Structure formats: structure tokens, C-alpha cells
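A single chain, nothing else alongside it, follows as C-alpha cells in the form deposited without the RNA.
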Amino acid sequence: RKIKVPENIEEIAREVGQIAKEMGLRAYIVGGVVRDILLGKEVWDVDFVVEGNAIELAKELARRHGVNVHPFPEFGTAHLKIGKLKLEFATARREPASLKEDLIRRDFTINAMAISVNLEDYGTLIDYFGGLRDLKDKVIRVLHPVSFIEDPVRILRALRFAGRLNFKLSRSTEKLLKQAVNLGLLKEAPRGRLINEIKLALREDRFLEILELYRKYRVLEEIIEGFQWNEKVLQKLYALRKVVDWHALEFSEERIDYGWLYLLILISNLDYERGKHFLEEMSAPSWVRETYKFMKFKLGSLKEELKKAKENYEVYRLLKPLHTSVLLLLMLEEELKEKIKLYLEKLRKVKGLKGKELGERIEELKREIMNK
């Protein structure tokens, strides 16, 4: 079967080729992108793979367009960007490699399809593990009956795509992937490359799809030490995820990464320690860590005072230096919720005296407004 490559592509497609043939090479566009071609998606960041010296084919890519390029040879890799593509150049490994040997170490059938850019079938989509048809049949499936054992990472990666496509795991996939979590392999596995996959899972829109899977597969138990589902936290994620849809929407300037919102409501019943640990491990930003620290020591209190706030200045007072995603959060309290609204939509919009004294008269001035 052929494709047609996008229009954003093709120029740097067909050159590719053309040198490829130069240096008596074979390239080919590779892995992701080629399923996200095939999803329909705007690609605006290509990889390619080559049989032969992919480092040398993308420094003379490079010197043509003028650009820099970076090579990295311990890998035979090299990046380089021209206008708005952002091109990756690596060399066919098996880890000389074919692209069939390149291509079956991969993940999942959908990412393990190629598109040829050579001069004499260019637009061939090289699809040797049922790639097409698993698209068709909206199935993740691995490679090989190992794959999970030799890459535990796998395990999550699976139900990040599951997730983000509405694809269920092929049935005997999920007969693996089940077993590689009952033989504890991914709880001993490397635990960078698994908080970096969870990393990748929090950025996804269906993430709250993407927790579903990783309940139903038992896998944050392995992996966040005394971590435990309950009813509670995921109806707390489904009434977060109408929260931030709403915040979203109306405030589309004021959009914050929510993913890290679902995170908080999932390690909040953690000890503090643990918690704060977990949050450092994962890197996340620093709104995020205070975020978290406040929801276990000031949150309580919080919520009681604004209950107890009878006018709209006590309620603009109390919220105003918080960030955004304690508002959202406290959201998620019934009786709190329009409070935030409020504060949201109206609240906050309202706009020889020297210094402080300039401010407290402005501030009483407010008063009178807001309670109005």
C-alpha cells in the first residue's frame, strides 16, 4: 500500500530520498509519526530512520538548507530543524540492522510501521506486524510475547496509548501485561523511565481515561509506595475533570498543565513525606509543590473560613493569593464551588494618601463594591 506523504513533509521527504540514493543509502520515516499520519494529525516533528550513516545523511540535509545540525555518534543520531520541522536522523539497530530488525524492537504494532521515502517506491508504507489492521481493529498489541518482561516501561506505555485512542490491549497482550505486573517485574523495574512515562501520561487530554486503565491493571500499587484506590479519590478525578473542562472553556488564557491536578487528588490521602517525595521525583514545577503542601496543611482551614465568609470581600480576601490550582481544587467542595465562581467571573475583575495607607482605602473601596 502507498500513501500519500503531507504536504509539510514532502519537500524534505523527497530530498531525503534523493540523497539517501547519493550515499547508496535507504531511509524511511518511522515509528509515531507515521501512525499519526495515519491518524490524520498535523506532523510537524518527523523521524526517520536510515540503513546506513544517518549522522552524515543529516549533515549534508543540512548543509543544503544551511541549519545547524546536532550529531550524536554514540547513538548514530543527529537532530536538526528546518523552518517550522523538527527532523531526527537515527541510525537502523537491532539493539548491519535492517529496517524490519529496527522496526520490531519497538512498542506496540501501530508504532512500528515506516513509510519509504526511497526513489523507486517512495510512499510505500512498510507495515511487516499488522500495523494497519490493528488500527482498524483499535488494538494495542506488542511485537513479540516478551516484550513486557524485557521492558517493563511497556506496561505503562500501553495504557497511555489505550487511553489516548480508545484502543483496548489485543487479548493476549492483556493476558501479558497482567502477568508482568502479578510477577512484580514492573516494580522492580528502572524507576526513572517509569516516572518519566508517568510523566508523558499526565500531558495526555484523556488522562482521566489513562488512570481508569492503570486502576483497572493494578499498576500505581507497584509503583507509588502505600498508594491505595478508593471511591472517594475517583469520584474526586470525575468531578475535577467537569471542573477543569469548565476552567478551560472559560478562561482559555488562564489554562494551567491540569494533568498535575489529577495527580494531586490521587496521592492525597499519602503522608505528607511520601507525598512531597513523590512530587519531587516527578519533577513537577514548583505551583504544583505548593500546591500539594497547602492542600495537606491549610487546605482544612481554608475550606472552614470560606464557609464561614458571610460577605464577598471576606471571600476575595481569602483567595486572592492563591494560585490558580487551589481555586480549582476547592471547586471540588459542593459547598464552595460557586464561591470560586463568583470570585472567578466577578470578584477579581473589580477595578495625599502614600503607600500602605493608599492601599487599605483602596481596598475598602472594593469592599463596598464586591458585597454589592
Second form
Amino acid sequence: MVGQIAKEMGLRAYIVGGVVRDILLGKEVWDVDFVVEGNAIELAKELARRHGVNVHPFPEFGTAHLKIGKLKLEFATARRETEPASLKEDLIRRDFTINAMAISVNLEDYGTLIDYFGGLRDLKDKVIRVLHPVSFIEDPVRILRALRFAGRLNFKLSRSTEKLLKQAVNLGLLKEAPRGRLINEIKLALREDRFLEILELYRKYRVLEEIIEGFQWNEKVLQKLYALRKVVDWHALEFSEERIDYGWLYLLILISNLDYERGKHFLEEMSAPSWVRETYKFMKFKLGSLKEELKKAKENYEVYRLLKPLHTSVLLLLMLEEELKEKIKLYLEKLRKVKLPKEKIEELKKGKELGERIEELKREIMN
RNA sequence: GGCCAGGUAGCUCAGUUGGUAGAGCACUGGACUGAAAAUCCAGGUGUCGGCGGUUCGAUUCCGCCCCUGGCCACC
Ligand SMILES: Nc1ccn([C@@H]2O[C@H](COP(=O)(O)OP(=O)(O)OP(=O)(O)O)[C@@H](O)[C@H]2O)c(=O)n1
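Could you present the same protein in the form deposited with the RNA bound, rather than the form deposited without the RNA shown above?
Complete assembly follows, chain above in first position.
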């Protein structure tokens, strides 16, 4: 219908950006980005009006948002910078060749992929490539983004792009960049499943030293990240119904050796979840003594009392120890699973004394 | 869209080792009155957002959502 209204309005609209990428990558998304030649706002308003749904105009930006079913649509008037602007100009201001492409929704040429910079080739050759040498200088944030993409799509930075990247970091542009955009980029990063590879790229191009103050790379942290990867794999395999956000764990491992001040400040800037802050504050201090108590554990009920109050994250951090692994697992798929019939419980009940009694019964069952 | 609070009576507000809920003014009924108010005895002041899950038991632990306010990312 978009091509039809665009025909009636004598306009030209296109699907543009990552949305194209994902389409060519077979990944179906519900957020579609349109670049319109001519007014995008009226097109959005008309389309929303025909489907009888609400519309959200942004005249100053020149964009409009509307939601149809589970489809989220964003229309944006073609602009040369971040006289009417051609599509090509809207695309050439973009970052990488794979994000620079477009697909025509106009009825005559419909289905056509419009690629000026050969983003199809770089998509085919698995290459992350900037459009212009100044691309990282324009937006230093891209430095992260590239790596992130290279992490997710398992692509490789071209020689050019790699050099320009390293140069961009060497100029310390990462410090000059807005803190918020960078922090948000990292937040996007840790949500990836391939985020570990992205961390490998972060170590390789040493961006974390620039973004995080006081952060340095060592081997213990890396091995901890791979062990955490294995634990995450197993937990997300058998316990997958219990899954939580995994990337934050890696983030905790990274900042583990950092000072509590810089750690708290970083987690503050990252707008981390409460359980992340709790698991961190618990890791920095009480974790050691907890481990030492887990070493002194003999009966199963002590392990119960020491574990059950803790979150899942803390337990996953406890699986990092070779000696504690099988113990944690035993607590997981066996120890905490048990119940009691009717008559027995009815005899148990005959305040808090009921709880203490039930605890005595559980420690009577375990040991 | 991310996060942080806030969600407790009609309104304005506190509450952690899960274990049988509170204040100031409106609400009913009666004692009191020619009627009413005040006042006394008292007692509703509540599935402590909604829905699942864990637990013998959840305002509390967790997950998914609703509402309001504030920091932002809003290519
Ligand atoms: N500094 C920047 C930032 C963004 N862009 C372009 O603007 C778009 C921003 O949308 P985004 O969601 O970041 O791209 P996606 O590929 O959709 O990423 P994702 O799907 O992971 O959101 C990108 O496609 C990119 O081509 C750019 O050219 N330069």
C-alpha cells in the first residue's frame, strides 16, 4: 500500500539501512526504516489514516512513526546531512556499505535492491567497510559499532577500515565522543550472543582502555570470560527456562579487578539492572568469604542455606571455581527439588516456628 | 526503546532477616438530638498495581505486563 500512496502522491519511498541488511540476511524484523523523496510526514499520516491507526509526527526532525499490528514503521525525509536531497545522498552519509543499501517499494521497480557502494559485495564477502576515510572521524561511536557488527555477523574489517579505525582510536577521538552514545553502544553490545567475540575485538583494538578509566587487559579475566562462556552455554542449555541477561555477567568479569568507585560509577552510567548492582557489590566483597564457607561445607543443608538466598547470577559466578562446580550443579538439578504429601504436612502444622520446623524436616531429609 | 524510583484506604503517607498489617480527615450503625453538628464507644478503613512461576506459605524472590514521574538513547 506504501507504493500505492507513494504513487498517488507522486513520491518515491525506499526501505533503508540495517532493515535491508537483515532482510538480505534472512532475519525478519518488525521495525522498518523508510527513506522518502518528498514529504514523509504526509505519507505516514495518510498510511496511518487508511489503516485507521494513530500517527506520531516529528516535523522538526522530518520523520514520522506509526504502528500497524506488530509492525513498527518509521518514515524519514531524505537528507544529505545529519534543496531536496536525493536517496543517494541519504545513503552516502551512512556508516558501512552493508548499511548503505536500499530496496524500492515503488510499484514499477518494486523489489529492486538499490546499492551504489557495492554493499552487496561486502555483505557477500563478509566485509565491514566504511564508505569514506573520514567516517570514524565524523562519528567515533562507529568504532564500536563496526566491531559489534564484525562480532555479530562474523565479518571482517577491510584493511582500509581497520587502518582508519586504529588511526581514529590513536587520535583519542573515543574520549572526545559523547559519553552517552558510547555507553549506549556498549549496552547494545552486551545484548549480543556473540558479544564475547566483540569483546575480543575490543581487546584487539583497545577501545575499552579509552572508554573505561583504569581498565587494563590480562589473561585471568579472559580465561574467566571463556569459562563464563561455557557456564552460560550449559545453563542456557539445560536450565534455559531460567535464563537471565548473560552479557552483564561478562561485564562484571571485566570490571572485577577495577576499583569499587569506578565500577559503581560505570554501572551507574550503564544504567545496569538492580540484580547486576547487587551481584557486583556481592562479588567485590562477600564472594570470597562465601567461597571459603563453601569449601568448609560438609552437609547438604549448609550448602542449601548458603546458596538458596542468592540470585542465579551469583551461582553462575560460583561455577567459575572448578571445585564448586559439581556442587552448584548438584544443588541445581537435585538438592532444591523436593516436596511432601498431605497427611504428613498436616501433622507438621499440628508462626515462624512452622518455618523452622519445616527447615528441620528438610535438613532431616537431605542428610 | 533502556534505566531509576514511585503504585498502601476516598485523599495525603511510613513498613526487609517471607510468618497472621498501620497514622491524620471522609464510611456505615447505635448511644446523644425537635432536626443537625460535635463528641464517646467503637469498629469497614485493604485480594498493599495486574497476571504467571518458585515456596507449606510471596506486599517481599523472579519473570511478563498496566499506570505515573524523572534521567536519556531518540540515525
Ligand atoms: N554514526 C552513524 C550511525 C548510524 N548510521 C546509519 O543509521 C542507521 C541507524 O540504525 P541502526 O538500528 O543503528 O542500524 P541497524 O542495522 O538497524 O542496527 P540494529 O538492526 O542492530 O538496530 C544504521 O543502519 C546506519 O547505517 C550511520 O550511517 N552513522
